[PDB]
Structure formats: C-alpha cells, structure tokens
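J.: Here are the chains, one letter per residue:
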Amino acid sequence: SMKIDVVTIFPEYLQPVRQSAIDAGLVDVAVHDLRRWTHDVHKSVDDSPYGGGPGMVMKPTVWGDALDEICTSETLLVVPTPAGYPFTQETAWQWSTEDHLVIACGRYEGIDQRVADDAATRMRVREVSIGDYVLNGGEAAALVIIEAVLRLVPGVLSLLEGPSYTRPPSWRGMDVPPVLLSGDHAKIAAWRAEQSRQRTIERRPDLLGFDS
Amino acid sequence: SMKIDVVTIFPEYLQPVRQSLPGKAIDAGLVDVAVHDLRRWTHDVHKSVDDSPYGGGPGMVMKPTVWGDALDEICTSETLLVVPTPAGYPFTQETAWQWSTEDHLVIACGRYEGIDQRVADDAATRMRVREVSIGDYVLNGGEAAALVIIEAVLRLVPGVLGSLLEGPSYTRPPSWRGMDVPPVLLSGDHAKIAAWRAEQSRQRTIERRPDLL
Ligand SMILES: C[S@@+](CC[C@H](N)C(=O)[O-])C[C@H]1O[C@@H](n2cnc3c(N)ncnc32)[C@H](O)[C@@H]1O
Ligand SMILES: C[S@@+](CC[C@H](N)C(=O)[O-])C[C@H]1O[C@@H](n2cnc3c(N)ncnc32)[C@H](O)[C@@H]1O
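Chains B and A are the protein sequences, given in the same order.
Quick note, the first sequence lines up with residues 0 to 19, 24 to 160, 177 to 231 if you use PDB author numbering.
Quick note, the second sequence lines up with residues 0 to 161, 177 to 227 if you use PDB author numbering.
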C-alpha cells in the first residue's frame, strides 16, 4: 500500500489522476492546495529573486509549513526540476516499493533552494528532471512520475521495442510481415530481436554506446 | 495561430490543459486545442479499439482500421502527426522550438502495446509523421505524454503560456531555519554575482548531469 501526496497551487490540474489502481485501493493519492498554509489576506507564495534575474521564486516559509504537516522522517520527498538528476525506469522501480511519496510542484522560476536543503536534514530528498525540455510547472511532471511508478507496484504486477501488428493481415495494400503469420516461434523471436536492435541504432544510438 | 487536435480513449485526461489556456489567446485566435474520443470511429456495437498481437505474446495492439478512419477525418496534408512512443526519437527543447511554429499538430495517444505500425507508415505517405519519446521510462498511455508536449510547445508561442544546468535560486527572508542566502547575492557587485552563478552551474552539472560535459 502506497500513499502519494501532491502539493501545488493548481490542485485542479491533478484531476487526471482519477482515471486511476486508486480504485483497487493499492495506492491512495491526495492533492493539497499550497495556499492553505499562507496567513496573509493576499495568500502570497512568491517573491523576486535575490541577486537579480527574470521571474519570481516560490517563498520557503509557506513550503516549510506545508511539508512540516505532510511529511515524516520516512517520507521520500520528490521535487521536480529541469536541473534535477534524471528520472528513469530504474528510478521508477526504486520508488515502487516506497510507503510514502510527497511531490512538491513548483511554478514560476522554481522553489527557494533552502526548502529542499531543510527537508534533507529530516528525510530523503530527490530532485529530478523528467526530460530535456522545459515545462511551465511541476504538475505535469507529477502525473508522469505517478503513472510510471504505479504500473510497477506489487499487486499491479536497454533497447527500444520494435513494431506491433494486429488484424486484418492486409490493410490499404500494406501487409503484416509474413514471419509473424508463420507460427514459427524461433523465427518470430529472432525477427523481433533484430527489429529492436535496428530501431535502436537509428533512433537511440547512445543506448548501444554510439555517438549522438 | 496553432490548432492542436488530440485523439484518445480518455478525453477527460486533457481537460485541465484546455482550461489552462488564457482567454485572451483564444479570443485572439492564437490557439485552439480540441480533444476527440477515438471510439467515435469504431465499427462495432462493442466499440472495439484493440485486438491480439500477430506473432503472439502478451498485451493487445490498437486497431489500424479505427485509427485510419480517425486520422483520415482529422488530418490534412499540412498536418504534423505526433505519435508518442517509448520507442521514439527523443523529444527535446529543440523539438519543442521547431513545432512551436507549426499550423496544425495532431497527437495520437496510444495504449496497451501501442498502435499497429501500418497507421504511421500509411500516414507518412501523405503528411509529416514524428514518433517521439518524452523520456527513458514507460508510461501506461500517451495522454500524459501529450500533456507534456502541449505544455513545452505552447509556452514557446508568444501570448499563450509562459549545455549547463541552472543553479539554485533564493528569495526573502535572508535567514530561514538557520540557513542564510549566500552573501554574494546581496553584495551589489553584479559581475561577481554572474561569476558565482556560473560556478554554481558548473558544479551542479558535474554532479547531476556529467553527460552534458
Ligand atoms: C519554468 S520551470 C523552472 C524552475 C526550476 N525549478 C529551476 O530551478 O530551474 C518551473 C517548474 O516546472 C517544473 N519543471 C519544468 N521543467 C521540468 C522538467 N524537465 N522536469 C521536471 N520538472 C520540470 C518544475 O517543478 C519547475 O520548478
Ligand atoms: C505501455 S506503452 C508501449 C507501447 C509503445 N507504442 C511501443 O510499441 O513500444 C503504451 C503507450 O504509452 C505511451 N508511452 C509510454 N511511454 C512513453 C514515453 N516514454 N514517451 C512517450 N509516450 C510513451 C505511448 O503512447 C504508448 O503507445
């Protein structure tokens, strides 16, 4: 059984989690509005950066109070950031056996670095990037991470995959490769292995230790 | 002016991003995102979108006849067809910049083992097709990948949304839970501040992404 808490200034953005595993009760997902932990009438969560620069930075005081209430020493705190360590399939396998994930979603130019630093004195913290592009907020990264982790959780149960096919065997004058219709398991496995390695050298040569 | 059409068996998944578009951009005709239920193009009373894989094995494959009809209706010769897949070419910031000036994106969201390969192969004989991965992990469906792609592209279109790693950022208060903002940032020596930030970027990249060096 896993608990996932997501903290955000846009809780409505996390509604896509509800095409659930949540229904099966293996995981509980709760979404929290960061503005709940403010105290001023304007409920301000951001301020200009020290040292100059474009944009705004999320204030540490509000985040500190929220994480104080939600986290324990056993929590794995996940902080999405384009400057993070890479989130990969290996990471997903690792987090699939955790009891409690808390995902802190940033906006603007991100969260004051002292929030993560303070948290690390009490719990395990992971700052992670989901890919080499820039999003407007951490909410889409939270949805990606939750999906990748949940399909590996017990109870739900290298190379690029080659192409797949289904009926009919001929469509618009395009045929399913005849080996797949041949019923020869050894020949099919061999062909599928070759397609995978061929697609990998063309699209992701780095996976096989080549340039680019 | 960009049109984005998304085709999916879970249309409600895309509904946050539609509502995140500013009214001013929509009213000015800068952007229009539309979402379509794939089952609209099914042929049978059971609204079937998948079938068993040729050659055997576990899982299911999405049907070519259903997808072919959907893309026939939605795409034109000017369309850039985006097909998310963990076996695709990598989607990067460079890709996002390129797609930000397109007139028409269509995103085909897969499920299960993916879409019968003849769909993309056929489409590529009359339009541009791009099979892309958003990262080195496996998702259950293409919808989350569509959200990522739409966000990364549209924040580069003016008025819609919006090497080395960036270093840490700080704001008020100057002291918090025993931790002070680095004094250099409050110094008013802006050449020195820029050099400090550059070195912070270098250290963070060596630690977290040595591949970038
Ligand atoms: C415009 S980004 C920049 C802020 C970022 N934290 C930084 O320090 O560079 C705003 C937020 O979107 C999220 N984000 C953007 N790109 C991301 C990526 N590639 N991976 C994970 N999260 C990302 C993070 O939550 C981030 O704080
Ligand atoms: C379980 S995946 C595997 C299917 C995939 N098309 C294949 O043949 O390898 C099912 C669907 O989720 C989406 N998906 C999973 N991982 C993805 C990734 N890393 N990047 C983009 N889309 C992904 C794709 O739409 C894919 O068709």
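Keep in mind the hints are simulated off the structure, nothing from the lab.
Take these hints with a grain of salt, some might be off.
[Unchecked claim] Simulated pairs of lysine-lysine, DSSO-like, Cα-Cα distance not exceeding 27 Å:
| hint | chain 1 | residue 1 | chain 2 | residue 2 |
| --- | --- | --- | --- | --- |
| 1 | A | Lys206 | B | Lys62 |
| 2 | A | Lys2 | B | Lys46 |
| 3 | A | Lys23 | A | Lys46 |
| 4 | B | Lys46 | B | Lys62 |
J.: If a hint holds in the structure, say so; if it does not, say that too.
T.: Now for the hints, and whether the structure bears them out:
1. A:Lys206 <-> B:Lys62: It holds: about 25 Å lies between the C-alpha atoms, which stays within 27 Å.
2. A:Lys2 <-> B:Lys46: violated (36 Å)
3. A:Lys23 <-> A:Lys46: Distance of about 38 Å is beyond 27 Å: violated.
4. B:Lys46 <-> B:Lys62: The hint holds at about 12 Å.
Going down the numbered hints, you'll see the structure goes against 2, 3, while the others check out.
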